[PDB]
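First, one chain by itself: the form deposited without the ligand, in structure tokens.
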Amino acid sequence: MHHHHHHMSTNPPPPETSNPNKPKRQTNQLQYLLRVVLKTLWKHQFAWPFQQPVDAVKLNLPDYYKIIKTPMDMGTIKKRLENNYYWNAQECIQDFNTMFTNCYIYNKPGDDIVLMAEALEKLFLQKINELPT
């Protein structure tokens, strides 16, 4: 008997950051989402949990990907913006929304990580209220 000792927890593959068959565009709004919105959130005190795909193995969260089925993070968003992956600003905004919502689903009000997400979401909303064009 192996007693399943070899069945260790793993992370899923990360979201794609390039897809040659997906239509994309460089718009002023998308350039702004990278240069201003993402880059200022990236420098924030609370950016660190969100700068890369959730590493459920490192964080000892083996239930994370049992609960969260559409993972998203600012590292993925940053690469998508730099690689010119998006067609429009709303597609990128959707990824930010998924990132924040995933955090609120997996965690509970009052958790340190939720307070971090709440603060970043407030800055995000402030920065995207007005976009170029």
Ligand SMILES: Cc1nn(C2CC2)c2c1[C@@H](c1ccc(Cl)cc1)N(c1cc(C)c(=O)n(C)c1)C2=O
Contents of the next structure:
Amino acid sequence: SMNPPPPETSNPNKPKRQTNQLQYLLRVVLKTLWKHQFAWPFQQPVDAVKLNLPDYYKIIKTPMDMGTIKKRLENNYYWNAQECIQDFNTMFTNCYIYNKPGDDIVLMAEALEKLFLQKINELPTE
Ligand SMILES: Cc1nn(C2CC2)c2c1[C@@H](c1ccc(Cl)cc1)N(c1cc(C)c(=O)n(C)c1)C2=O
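What would you give as the form solved in complex with the ligand, now that the form deposited without the ligand is on the page?
All chains and molecules follow, beginning with the one already shown.
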């Protein structure tokens, strides 16, 4: 029932790049998804203690949320856009794995993912 340490958002040894694709992921993709009415359960790591979910962190081995992605974008943690796209896809896939199809949280995740996939389609050229 305990919460694990949050995902890594700072690593001096990890190589970084500030690219136009990563800048678009912060100013366009993250910003749009963040103000959505269904963003609030995805804005911070799942608090298994507060929500009384002792099985969450036994099912989910690669936790991810938009708060962690936001910090990784602000702190220039990524090497490329594909690394950030992988964090968003992991967050959505985590929601589908833990929860049952047709749950309210799955409907919320599916609406955010539809919006994310449309913004990712308009990813500018490197
Ligand atoms: C209540 C409540 N309060 N919080 C915290 C943010 C204030 C959360 C919930 C639930 C929650 C939120 C919406 C629905 Cl429709 C159902 C359950 N939740 C989540 C989030 C994710 C990704 C998840 O997969 N599960 C299993 C729980 C939260 O983070």
